[PDB]
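Enquirer: Starting from the given sequences, assemble the full structure and let the hints guide the process.
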Amino acid sequence: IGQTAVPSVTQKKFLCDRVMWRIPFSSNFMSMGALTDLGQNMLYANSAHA
Amino acid sequence: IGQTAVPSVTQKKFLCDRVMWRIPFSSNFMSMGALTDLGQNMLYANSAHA
Amino acid sequence: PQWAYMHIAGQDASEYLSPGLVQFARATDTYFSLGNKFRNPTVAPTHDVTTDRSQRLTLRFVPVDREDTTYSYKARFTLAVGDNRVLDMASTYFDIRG
Amino acid sequence: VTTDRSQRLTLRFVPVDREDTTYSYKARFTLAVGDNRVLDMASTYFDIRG
Amino acid sequence: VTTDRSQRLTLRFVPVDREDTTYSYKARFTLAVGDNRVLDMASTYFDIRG
Amino acid sequence: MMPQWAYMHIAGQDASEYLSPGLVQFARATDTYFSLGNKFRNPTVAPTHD
Amino acid sequence: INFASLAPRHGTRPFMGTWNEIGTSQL
Amino acid sequence: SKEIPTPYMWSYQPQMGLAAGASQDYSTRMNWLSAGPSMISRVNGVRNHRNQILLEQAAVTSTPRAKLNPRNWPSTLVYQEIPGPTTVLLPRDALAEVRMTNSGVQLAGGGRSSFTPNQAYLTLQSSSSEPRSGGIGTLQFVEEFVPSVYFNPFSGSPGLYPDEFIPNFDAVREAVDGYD
Amino acid sequence: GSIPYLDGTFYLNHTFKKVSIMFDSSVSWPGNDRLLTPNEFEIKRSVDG
Amino acid sequence: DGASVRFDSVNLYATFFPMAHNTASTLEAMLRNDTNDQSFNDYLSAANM
Numbered sequence: 848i849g850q851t852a853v854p855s856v857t858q859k860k861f862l863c864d865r866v867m868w869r870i871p872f873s874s875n876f877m878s879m880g881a882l883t884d885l886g887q888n889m890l891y892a893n894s895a896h897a
Numbered sequence: 848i849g850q851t852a853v854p855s856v857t858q859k860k861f862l863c864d865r866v867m868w869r870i871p872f873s874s875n876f877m878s879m880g881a882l883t884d885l886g887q888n889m890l891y892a893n894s895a896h897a
Numbered sequence: 008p009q010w011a012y013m014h015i016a017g018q019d020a021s022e023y024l025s026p027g028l029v030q031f032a033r034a035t036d037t038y039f040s041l042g043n044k045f046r047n048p049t050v051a052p053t054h055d056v057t058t059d060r061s062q063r064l065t066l067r068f069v070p071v072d073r074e075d076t077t078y079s080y081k082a083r084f085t086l087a088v089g090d091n092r093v094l095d096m097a098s099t100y101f102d103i104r105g
Numbered sequence: 056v057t058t059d060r061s062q063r064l065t066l067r068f069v070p071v072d073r074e075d076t077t078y079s080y081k082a083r084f085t086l087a088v089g090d091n092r093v094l095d096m097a098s099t100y101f102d103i104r105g
Numbered sequence: 056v057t058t059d060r061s062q063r064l065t066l067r068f069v070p071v072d073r074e075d076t077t078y079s080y081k082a083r084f085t086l087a088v089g090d091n092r093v094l095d096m097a098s099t100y101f102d103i104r105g
Numbered sequence: 006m007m008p009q010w011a012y013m014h015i016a017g018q019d020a021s022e023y024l025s026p027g028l029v030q031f032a033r034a035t036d037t038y039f040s041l042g043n044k045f046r047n048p049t050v051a052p053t054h055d
Numbered sequence: 004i005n006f007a008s009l010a011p012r013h014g015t016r017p018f019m020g021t022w023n024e025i026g027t028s029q030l
Numbered sequence: 002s003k004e005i006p007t008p009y010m011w012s013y014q015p016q017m018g019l020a021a022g023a024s025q026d027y028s029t030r031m032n033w034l035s036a037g038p039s040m041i042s043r044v045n046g047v048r049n050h051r052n053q054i055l056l057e058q059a060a061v062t063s064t065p066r067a068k069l070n071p072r073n074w075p076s077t078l079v080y081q082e083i084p085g086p087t088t089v090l091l092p093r094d095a096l097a098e099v100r101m102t103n104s105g106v107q108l109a110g111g158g159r160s161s162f163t164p165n166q167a168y169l170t171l172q173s174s175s176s177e178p179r180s181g182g183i184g185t186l187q188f189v190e191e192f193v194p195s196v197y198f199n200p201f202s203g204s205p206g207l208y209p210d211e212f213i214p215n216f217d218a219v220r221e222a223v224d225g226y227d
Numbered sequence: 700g701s702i703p704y705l706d707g708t709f710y711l712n713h714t715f716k717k718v719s720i721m722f723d724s725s726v727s728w729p730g731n732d733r734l735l736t737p738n739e740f741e742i743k744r745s746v747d748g
Numbered sequence: 601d602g603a604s605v606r607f608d609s610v611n612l613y614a615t616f617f618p619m620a621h622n623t624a625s626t627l628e629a630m631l632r633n634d635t636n637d638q639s640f641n642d643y644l645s646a647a648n649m
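Protein sequences appear in the order of chains V, D, G, C, E, X, Y, B, U and Z.
Each step along the first sequence adds one to the number in the entry's author numbering, with nothing skipped, and position 41 is 888.
Each step along the second sequence adds one to the number in the entry's author numbering, with nothing skipped, and position 27 is 874.
Each step along the third sequence adds one to the number in the entry's author numbering, with nothing skipped, and position 40 is 47.
Each step along the fourth sequence adds one to the number in the entry's author numbering, with nothing skipped, and position 10 is 65.
Each step along the fifth sequence adds one to the number in the entry's author numbering, with nothing skipped, and position 48 is 103.
Each step along the sixth sequence adds one to the number in the entry's author numbering, with nothing skipped, and position 27 is 32.
Each step along the seventh sequence adds one to the number in the entry's author numbering, with nothing skipped, and position 3 is 6.
Mind the numbering: the eighth sequence is residues 2 to 111, 158 to 227 in the entry's author numbering, read in order.
Each step along the ninth sequence adds one to the number in the entry's author numbering, with nothing skipped, and position 21 is 720.
Each step along the tenth sequence adds one to the number in the entry's author numbering, with nothing skipped, and position 20 is 620.
Each hint should be verified, as a subset may be incorrect.
Straight line, CA to CA, 20 Å or less: simulated DMTMM-like cross-link-like pairs of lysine to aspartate or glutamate [as the list claims (entries may be wrong)]:
id, chain 1, residue 1, chain 2, residue 2
1, X, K44, C, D95
2, G, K44, Z, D637
3, B, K68, B, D217
4, G, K44, Z, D601
5, B, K68, B, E57
6, U, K717, U, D732
7, G, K44, Z, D608
8, V, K860, U, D747
9, V, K859, G, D102
10, U, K743, V, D864
11, V, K859, U, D732
Pairwise CB distance ranges (calculated) [stated by the list, open to error]:
id, chain 1, residue 1, chain 2, residue 2, range
12, B, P209, V, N875, 30 to 36 Å
13, G, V69, V, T857, 41 to 47 Å
14, B, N165, E, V88, 25 to 31 Å
15, G, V93, B, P75, 35 to 41 Å
16, B, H50, C, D95, 50 to 56 Å
17, B, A60, V, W868, 53 to 59 Å
Everything labelled a hint here was simulated from the structure, so no lab data went into it.
Beta carbons are placed, not taken as given, at the ideal position from N, Cα and C, and that holds for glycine.
Expert: Okay, structure coming up:
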């Protein structure tokens, strides 16, 4: 700071404590029901996907 | 053993060498015939299971 | 059947319970609630909501033109809403770096 | 004639297992033909580097 | 709504059997809901002293 | 010997006959950009007679 | 960060609920 | 081949209670390639005879319908567990219990009641207040979904091919989705 | 001390850089050009051209 | 660092609504019918890998 402030770089981060990261299995990431649409849209019929 | 015997942990195991384990596809696990009851039980038949 | 039997999809408790119990539960929610002991399904809508054509959720545009005067800065964008899409303008913002 | 979904033209598979030996090299791949596709095997080859 | 047969609001049970190992403790209760009562299991708790 | 030959397409029918006419009309429509042509055998058979 | 659904419904006079229709065959 | 076809086996979805798509009985085939016409005729005679039984059985057992694999079964086609009403004998003459106890007697234990002749029983219905509809259960799935004999397969017009043999076919839209 | 697996005291979520998700060893799951880097969930960045 | 704990008694407590015997009998009759089976799901419904 001031008229003798040294040359500088900026450092960026966040913290997010008690959370868990989420990724909904939904054709868009909104919650529209507990039984998501991908959870009932042709990952049902045999499917068996790795 | 004797008056000076040391406190001890008990280990239990089994061996079953020449055998090959089996699970009959029969409703009560018995050899009622070579063609089992469940193999005729036309659910686990024509309308095919994974 | 097992999603219907386990109440993962299908009827609500007010549909699958016997009618005698539903009137009992209603008559006593004050003062002895049964209304946390039966599962109701909830089910997402599978048709007419989301597309399965390939399509971006977010677009970034760059200024088709810009002006950089002594006291202000201009940028022009061709905001192109394609066919079969709609833009709630509340979702837009200008991202400035400097 | 052409799909309107995100989908690759060329897939590269690294070996799931390999056995380099005195005079031979052996490799295993899980050739996963994904759903709603067909693969002509004439478009398959081993990209060897050494 | 409320009975006028003489009847407890709260019952205390005692371990019918118990086990008291190095690392854990067991208790067994005969939880006996009589006729003409119902138990919301949310009203139960184990009261521990030590 | 003919059943084996008629099953392996060594004798019997041209592939435009034994394939289902859906697949013939498919292959026929796409052959300029996706060809199913080299994936079925025809017999060709010399005359025994005169 | 996870989900459940609870199934209540309601209806009373400014009084309190006794239960409803009795399907009784009596004696 | 085209005229003694292998039947299409119906796979099952126990979650939803519906067919899961279909594909041929690849798992039950007699290997005749080292027999001759004298016995291949007998093997074809067995494979023909099987398909006759499947056609007869489908007509006897299946519910006749406009679609194989419909996504939702009406409440009149679904089998329902509809037990009789359940009766209970009520354990107290409640109006006489308030009478007696207001008189300063104490009542404890218990049915019986020495001081009153009154009993009542009531007969509630046990049944689901609305009939069920939606998926079929496994003992009905086997009563439906007899294997499909399909002669001259893929010979008609596309768009009335058996599209619902295809596992990931969305019969509410006549379409097919990937993984999103 | 507190046991994050049991008592919900999570605290290292900032340490994730990205996740990718892929069905049948081949199909990048969200797919469909959804995300600005479509192939993966790039949770955070170190360089951002 | 020397901590310890010693359980001298565990006892199980249960509280009841003192419900009318005909009403509690009726409620039991209804809750023993197969269509009136109760059901629950773990609030965090997941496989904890």
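Enquirer: All hints are to be evaluated individually against the structure, with a verdict given for each.
Expert: A quick look at each hint next to the structure:
Of the supplied pair hints, the one linking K44 (chain X) and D95 (chain C) holds, its CA atoms being roughly 10 Å apart against a limit of 20 Å. A C-alpha spacing of about 9 Å is found between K44 (chain G) and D637 (chain Z), which places the hinted pair at or below 20 Å, so the restraint holds. Only pairs whose Cα atoms come within 20 Å are accepted, and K68 (chain B) paired with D217 (chain B) is accepted, the gap being roughly 13 Å. For a cut-off of 20 Å, the pair hint linking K44 (chain G) to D601 (chain Z) is broken: about 45 Å separates their Cα positions.
In summary, the hint linking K68 (chain B) to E57 (chain B) is supported, as the alpha carbons are separated by about 19 Å, within the 20 Å threshold. Using a Cα cut-off of 20 Å, the hinted pair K717 (chain U) and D732 (chain U) holds, with the two alpha carbons roughly 17 Å apart. Between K44 (chain G) and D608 (chain Z) the CA atoms are separated by roughly 35 Å; this puts the pair beyond 20 Å, and the hint is violated. In summary, the hint linking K860 (chain V) to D747 (chain U) is supported, as the alpha carbons are separated by about 13 Å, within the 20 Å threshold.
Proposed proximity of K859 (chain V) and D102 (chain G) is supported: the alpha carbons are some 17 Å apart, at most 20 Å. Proximity of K743 (chain U) to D864 (chain V) is assessed by CA-CA distance (about 16 Å); at most 20 Å being required, the pair is judged to hold. Using a Cα cut-off of 20 Å, the hinted pair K859 (chain V) and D732 (chain U) is violated, with the two alpha carbons roughly 28 Å apart. For the pair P209 (chain B) and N875 (chain V), the supplied restraint of 30 to 36 Å holds, since their beta-carbon distance comes to about 32 Å.
A beta carbon spacing of about 24 Å between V69 (chain G) and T857 (chain V) contradicts the range 41 to 47 Å that was offered as a hint. Separation of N165 (chain B) from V88 (chain E) is about 27 Å and conforms to the stated range, judged on CB atoms against 25 to 31 Å. Range check, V93 (chain G) to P75 (chain B): Cβ separation about 37 Å, and the 35 to 41 Å hint holds. One distance hint, 50 to 56 Å for the beta-carbon pair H50 (chain B) and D95 (chain C), is violated here, with the actual separation near 39 Å.
For the hinted restraint 53 to 59 Å between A60 (chain B) and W868 (chain V), the CB-CB distance of approximately 55 Å keeps it satisfied.
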